[PDB]
Amino acid sequence: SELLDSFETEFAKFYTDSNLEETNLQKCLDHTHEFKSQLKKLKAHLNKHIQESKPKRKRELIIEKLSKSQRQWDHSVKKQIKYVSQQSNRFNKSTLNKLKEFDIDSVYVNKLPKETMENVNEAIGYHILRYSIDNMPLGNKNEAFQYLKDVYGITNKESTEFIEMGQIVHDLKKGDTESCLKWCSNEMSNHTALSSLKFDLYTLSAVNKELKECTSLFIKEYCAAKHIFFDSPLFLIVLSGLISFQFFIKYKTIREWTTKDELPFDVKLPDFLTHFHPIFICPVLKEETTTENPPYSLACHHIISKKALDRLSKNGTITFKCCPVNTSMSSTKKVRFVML
Amino acid sequence: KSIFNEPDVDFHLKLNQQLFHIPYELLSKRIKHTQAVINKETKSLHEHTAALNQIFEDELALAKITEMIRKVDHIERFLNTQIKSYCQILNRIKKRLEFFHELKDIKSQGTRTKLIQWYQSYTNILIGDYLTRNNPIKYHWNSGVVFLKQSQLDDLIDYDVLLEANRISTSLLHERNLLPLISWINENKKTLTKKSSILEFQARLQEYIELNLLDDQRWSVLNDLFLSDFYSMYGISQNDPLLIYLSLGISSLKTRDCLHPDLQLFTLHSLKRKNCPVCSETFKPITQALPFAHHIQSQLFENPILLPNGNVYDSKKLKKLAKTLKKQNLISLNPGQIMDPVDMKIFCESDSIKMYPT
Ligand SMILES: [Zn+2]
Ligand SMILES: [Zn+2]
Numbered sequence: 002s003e004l005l006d007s008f009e010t011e012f013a014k015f016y017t018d019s020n021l022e023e024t025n026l027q028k029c030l031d032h033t034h035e036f037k038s039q040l041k042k043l044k045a046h047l048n049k050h051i052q053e054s055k056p071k072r073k074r075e076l077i078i079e080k081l082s083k084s085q086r087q088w089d090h091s092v093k094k095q096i097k098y099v100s101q102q103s104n105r106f107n108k109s110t111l112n113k114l115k116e117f118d119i120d121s122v123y124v125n126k127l128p129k130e131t132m133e134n135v136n137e138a139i140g141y142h143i144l145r146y147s148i149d150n151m152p153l154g155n156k157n158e159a160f161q162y163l164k165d166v167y168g169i170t171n172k173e174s175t176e177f178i179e180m181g182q183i184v185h186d187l188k189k190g191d192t193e194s195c196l197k198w199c200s201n202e203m208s209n210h211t212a213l214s215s216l217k218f219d220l221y222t223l224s225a281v282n283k284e285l286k287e288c289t290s291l292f293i294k295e296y297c298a299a300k301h302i303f304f305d306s307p308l309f310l311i312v313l314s315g316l317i318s319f320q321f322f323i324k325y326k327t328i329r330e336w337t338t339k340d341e342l343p344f345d346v347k348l349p350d351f352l353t354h355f356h357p358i359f360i361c362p363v364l365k366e367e368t369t370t371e372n373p374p375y376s377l378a379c380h381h382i383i384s385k386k387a388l389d390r391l392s393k394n395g396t397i398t399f400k401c404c405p406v407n408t409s410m411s412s413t414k415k416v417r418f419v420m421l
Numbered sequence: 004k005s006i007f008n009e010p011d012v013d014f015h016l017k018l019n020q021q022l023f024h025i026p027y028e029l030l031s032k033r034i035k036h037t038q039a040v041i042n043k044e045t046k047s048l049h050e051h052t053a054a055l056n057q058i059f060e067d068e069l070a071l072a073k074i075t076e077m078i079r080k081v082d083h084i085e086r087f088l089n090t091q092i093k094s095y096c097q098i099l100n101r102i103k104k105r106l107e108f109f110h111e112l113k114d115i116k117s118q130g131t132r133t134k135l136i137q138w139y140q141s142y143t144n145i146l147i148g149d150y151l152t153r154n155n156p157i158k159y166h167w168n169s170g171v172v173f174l175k176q177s178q179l180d181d182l183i184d185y186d187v188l189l190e191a192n193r194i195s196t197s198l199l200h201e202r203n204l205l206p207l208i209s210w211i212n213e214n215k216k217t218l219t220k221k222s223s224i225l226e227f228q229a230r231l232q233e234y235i236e348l349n350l351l352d353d354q355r356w357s358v359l360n361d362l363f364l365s366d367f368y369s370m371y372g373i374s375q376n377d378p379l380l381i382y383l384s385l386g387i388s389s390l391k392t393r394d395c396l397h398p420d421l422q423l424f425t426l427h428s429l430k431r432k433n434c435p436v437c438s439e440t441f442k443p444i445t446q447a448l449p450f451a452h453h454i455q456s457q458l459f460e461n462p463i464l465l466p467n468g469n470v471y472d473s474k475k476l477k478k479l480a481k482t483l484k485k486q487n488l489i490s491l492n493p494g495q496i497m498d499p500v501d502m503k504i505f506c507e508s509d510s511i512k513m514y515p516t
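As you go down the protein sequences, you meet chains b and i in turn.
Going letter by letter, the first sequence gives residues 2 to 56, 71 to 203, 208 to 225, 281 to 330, 336 to 401, 404 to 421 in PDB author numbering.
Going letter by letter, the second sequence gives residues 4 to 60, 67 to 118, 130 to 159, 166 to 236, 348 to 398, 420 to 516 in PDB author numbering.
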C-alpha cells in the first residue's frame, strides 16, 4: 500500500525523465566522449598549424584550450560520479527503513527433519510434472521420459499419465482436435461430464475465449478419470503457510517448543482448505475429541466426549442427564463423522 | 479488505526482502569499482598533461596528443562496460517491482482465480530458488537454472549468487577439497576484515595442514563459517523459504484425525478425505513429527444422520450418491435402500437416526 508507492517514487530517481534506458552514468560517458572529441580537434588544428608553418596569437589560445578541456573533463566526471554514489547510498535509507524489520528466518521452529528430504524432492517432482509439463522441449512420444529422468528427476508411475496429458493438451492447443475426440470416445464411467466435454470440443471444431474453457474441462475430466489429483499437494500447503504468517507474528508480539502438542493461536484459513476432515468440539468439557477420547451418543440424540461421559458417570451409574431422559452405558454408541 | 485471507501487499515485500538486497550489493560493488578506476586514471592523465605543458615551455606534441587519445578511449570502453552492467542490474530490480505491482492491482479489484494464478507464479519462483541452491552442479548449470530459464522468470531470481555459493561449498567438501575459497577471499579482503571475522585464519591453517585438529569435521565447520559470512554479507536468509512455508503449512492443517488408521474405487474416491494434502501418500513421514492444530469453533456439516455401521454422514449427500449409483448401473438398489461408502453395505431407509450435535 503506502510502502510500495513510497518505494517506487524513491526508485524512479535512478532514472532520468524517460523513466527507462537513460541511466545516470550516461553523463560520464558523454563527458568523456566530448573530451576525446576536443582533443582530436586540437590535434588536427596543431597539425595544420605546423604543416603550414613550413617556410603569434594562435598557440597562446590552443594551449589554453587544452588546459580548459582537461579541467572541464575531470571536474565534471568527479561531480557526476559523486552524485551517483550519493544517490545510491541514499536509496539505502529507504530500502532499509522497511525491509529489515521482519527477520523471516526467526519463524522457523519445529525444524523439518533432515532425513526426509527425498519426500520433498518427490512433491517437487509431482508439482513440476503437473503444472508445468508442456513448457519444456521434450520431443518424441517416449524418448522424453529419459530426458525427464536425466535433467530434473522422475516420480513414480504418475509420470506416464502426465506425459500423455501434456501431449494431448499441447496438440489441442494448436487447433488440431480429432485426438481429444478419440480419447473421449475410448473411455466408455460417468457419461454426463464426458458427453458435455465431447459437445464443448465439438463446438470448438467449428476462439481465444473458447480454448481456455475447453482445455480446463479436459484437464478436469482427465484428472478425475485416471485418479491422480487436480491441485498439487504442495501448492495448497504453501498457500496455508502464506496465510499463517500474520497470525504467527501477532502471537509473537503478544508473547513479549509449545507443549509438544497443538500449536497455539488457532489460525483461521478459508473454507476450501478446511472442508477435508471434520473437527468437533465437546460441548461440556470444551476439548476436541481425539483418537483417544472418541465421542459417544447417549440415547438422547446428543453427542458428548467419552471422558466427560466417564466423569458424568463414575463407572456408568444410571445417572441420566444431558430432554432430561438420557441413560447410562447400556444405550450409548460410538460415532465417527464422515464428511461425505 | 482482503479477498479471502491473503495479507496486504506491504507484507509480501517484508516477507522476502532478500530479493531486494542481493541485487543492491551487486549494484553498489559496481559504483565502488568505477569510482576507484576514475580516481586512479584521473591523476595519471593530469601528471601526463603536465609533461606536455612543460614541453611547450619540437613536433612531439602530436605524439603526446596521440598517446592521450590512446589512453582516453580505454576509459571510454571501460565506462561502456560498466554502464551495460549497471543497466542490467537496474532492470533486474524493476522487474521484481512490477511483479508485486501486479498483485496490488489484482487485490484492488471472478478474481479469485486471477489471484490463484499469481500464487502459482509465487510458488514457481520459490521452488526454483530452492532447487538452484542445493542440487549438484552438472559441469555451470543446475536443475534450478534450467527451471528458471524455461519458466520465463529468470529475472526474478538471481541463480548466479546462489550458484556461486553452491560451487564453492561443493568444492570445499568434494573434489579432494581442492579450495578456490582463497580466490574468493583475495577479491574481498577490504570488507571482510572490517567486520573482523575469523575466516582467513581458518583457511590459512587448513591450507597449512593439508584428533579434532586433524579430523575431517574441520572441513564441515569451515564450510559453515564461509556460508555464514557469505549470507551475512549479501542477505540470503540462511533457511530455504520452501522449508519455512512447508514447516508451517503442514502443521497448520494437520487436524485431529489425519493419520486415522471397480465399485470400490468409485466409492472410496467419492469421500472427501482422500484429498487431504498433509496425509495423502508422501507427506505422512513429513507430518508424523509436527504439532496438530488449535481451533475454538466446531465446524461440521449441517444435518447429520447415524446408521448402524457406527458412523454419521449426512442427510442429503447419501441420497444424491444413491441416485448417482442408480443412474450409472453399478449396483441394484430399491425404493428405500441406502448405501454406506465405508465398509460397503445396504441399509433400509428407516434404519436412520437423526442427531443433534448441541
Ligand atoms: Zn437431551
Ligand atoms: Zn488429513
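Source of the hints: derived by calculation from the structure; they are not laboratory data.
Watch out, some of these pointers could steer you wrong.
Stated by the list, open to error - Capping the alpha-carbon separation at 30 Å, the derived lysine-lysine pairs in BS3-like fashion look like this:
| id | chain 1 | residue 1 | chain 2 | residue 2 |
| --- | --- | --- | --- | --- |
| 1 | b | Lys42 | i | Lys73 |
| 2 | i | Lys475 | i | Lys432 |
| 3 | i | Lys432 | b | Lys94 |
| 4 | b | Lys42 | b | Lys28 |
| 5 | b | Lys93 | b | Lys28 |
| 6 | i | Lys220 | b | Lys108 |
| 7 | b | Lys347 | b | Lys126 |
| 8 | i | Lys474 | b | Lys415 |
| 9 | b | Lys108 | b | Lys126 |
| 10 | i | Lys17 | i | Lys32 |
| 11 | i | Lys175 | i | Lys221 |
| 12 | i | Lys17 | b | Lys94 |
| 13 | b | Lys14 | b | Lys42 |
| 14 | i | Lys216 | b | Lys113 |
| 15 | b | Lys28 | i | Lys512 |
| 16 | i | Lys113 | i | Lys134 |
| 17 | b | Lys41 | b | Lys80 |
| 18 | i | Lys216 | b | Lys108 |
| 19 | b | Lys347 | i | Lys503 |
| 20 | b | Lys385 | i | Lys512 |
| 21 | b | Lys400 | b | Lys126 |
| 22 | i | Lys17 | b | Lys326 |
| 23 | b | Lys94 | i | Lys220 |
| 24 | i | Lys46 | i | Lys113 |
| 25 | b | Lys415 | i | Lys481 |
| 26 | i | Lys220 | b | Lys115 |
| 27 | i | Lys475 | i | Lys512 |
| 28 | i | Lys512 | b | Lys172 |
Unchecked claim - Listed next, the stretches of chain i that the computed footprint assigns to chain b, with coverage defined by at least 3 CB atoms under 8 Å from CB atoms of chain b:
| id | segment |
| --- | --- |
| 29 | 8 to 19 |
| 30 | 367 to 379 |
| 31 | 448 to 460 |
We treat Cβ as the ideally placed atom computed from N, Cα and C, and that holds for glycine.
Results for each hint:
1. Pair hint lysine 42 (chain b) plus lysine 73 (chain i) holds up; C-alpha atoms about 14 Å apart against a cutoff of 30 Å.
2. With a C-alpha separation of about 17 Å, the suggested pairing of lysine 475 (chain i) with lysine 432 (chain i) holds against the 30 Å cut-off.
3. With a C-alpha separation of about 68 Å, the suggested pairing of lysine 432 (chain i) with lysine 94 (chain b) is violated against the 30 Å cut-off.
4. Our distance criterion of 30 Å between C-alpha atoms is met by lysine 42 (chain b) and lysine 28 (chain b), whose separation comes to about 21 Å.
5. Of the supplied pair hints, the one linking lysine 93 (chain b) and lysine 28 (chain b) holds, its CA atoms being roughly 11 Å apart against a limit of 30 Å.
6. With a CA separation close to 21 Å, the supplied pair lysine 220 (chain i) and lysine 108 (chain b) stays within the 30 Å bound.
7. Distance restraint check for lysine 347 (chain b) and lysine 126 (chain b): the Cα-Cα separation of roughly 22 Å lies within the 30 Å cut-off, and the hinted pair is therefore satisfied.
8. About 22 Å separates the Cα atoms of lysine 474 (chain i) and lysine 415 (chain b), which keeps this hinted pair within 30 Å; it holds.
9. The suggested pairing of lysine 108 (chain b) with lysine 126 (chain b) is violated, with an alpha-carbon distance near 34 Å, which exceeds 30 Å.
10. Using a Cα cut-off of 30 Å, the hinted pair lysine 17 (chain i) and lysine 32 (chain i) holds, with the two alpha carbons roughly 24 Å apart.
11. The straight-line distance between the Cα atoms of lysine 175 (chain i) and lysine 221 (chain i) is roughly 36 Å, outside the 30 Å bound, and the hint therefore fails.
12. Between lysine 17 (chain i) and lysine 94 (chain b) the alpha-carbon distance is near 35 Å, which puts this suggested pair outside the 30 Å criterion.
13. Taken as a hint, the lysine 14 (chain b) and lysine 42 (chain b) pair is broken in the structure, with Cα atoms around 36 Å apart against an allowance of 30 Å.
14. Of the pairs offered as hints, the one joining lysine 216 (chain i) and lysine 113 (chain b) holds, with about 28 Å between alpha carbons and a cut-off of 30 Å not exceeded.
15. At most 30 Å may separate the alpha-carbon atoms for a hinted pair to count; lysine 28 (chain b) and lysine 512 (chain i) exceed this at roughly 83 Å.
16. About 12 Å separates the Cα atoms of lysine 113 (chain i) and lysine 134 (chain i), which keeps this hinted pair within 30 Å; it holds.
17. The hinted pair formed by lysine 41 (chain b) and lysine 80 (chain b) meets the criterion: a straight-line CA distance of about 12 Å does not exceed 30 Å.
18. Of the supplied pair hints, the one linking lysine 216 (chain i) and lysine 108 (chain b) holds, its CA atoms being roughly 23 Å apart against a limit of 30 Å.
19. Proposed proximity of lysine 347 (chain b) and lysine 503 (chain i) is contradicted: the alpha carbons are some 37 Å apart, above 30 Å.
20. Restraint check: the Cα-Cα separation between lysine 385 (chain b) and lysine 512 (chain i) comes to about 20 Å, which is no more than 30 Å; the hinted pair holds.
21. At most 30 Å may separate the alpha-carbon atoms for a hinted pair to count; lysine 400 (chain b) and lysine 126 (chain b) exceed this at roughly 47 Å.
22. For the suggested pair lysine 17 (chain i) and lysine 326 (chain b), the alpha carbons sit about 16 Å apart, so the restraint of at most 30 Å is met.
23. Under the criterion of a C-alpha separation no larger than 30 Å, the hint pairing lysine 94 (chain b) with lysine 220 (chain i) is consistent with the structure, at around 28 Å.
24. A hinted pair counts as satisfied when its Cα atoms are at most 30 Å apart, and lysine 46 (chain i) with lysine 113 (chain i) does not qualify at roughly 50 Å.
25. A C-alpha spacing of about 28 Å is found between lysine 415 (chain b) and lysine 481 (chain i), which places the hinted pair at or below 30 Å, so the restraint holds.
26. Between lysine 220 (chain i) and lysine 115 (chain b), the direct Cα distance comes to roughly 22 Å. Compliance with the 30 Å bound is thereby established for this hinted pair.
27. For the proposed pair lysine 475 (chain i) and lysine 512 (chain i), the alpha carbon gap of about 15 Å is at most 30 Å, so the pair holds.
28. At roughly 44 Å between alpha-carbon atoms, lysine 512 (chain i) and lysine 172 (chain b) are farther apart than 30 Å, so this suggested pair is violated.
29. Requiring three or more residues with a Cβ within less than 8 Å of a Cβ of chain b, the coverage given for the segment 8 to 19 of chain i holds, as 11 such residues are present.
30. Figure legend: the segment 367 to 379 of chain i, annotated as covered by chain b; annotation consistent (5 residues with Cβ-Cβ distances under 8 Å, at least 3 required).
31. Counting residues of the segment 448 to 460 of chain i whose C-beta lies closer than 8 Å to any C-beta of chain b gives 12; at least three are required, and the coverage claim holds.
The structure shown violates the earlier hints numbered 3, 9, 11, 12, 13, 15, 19, 21, 24 and 28.
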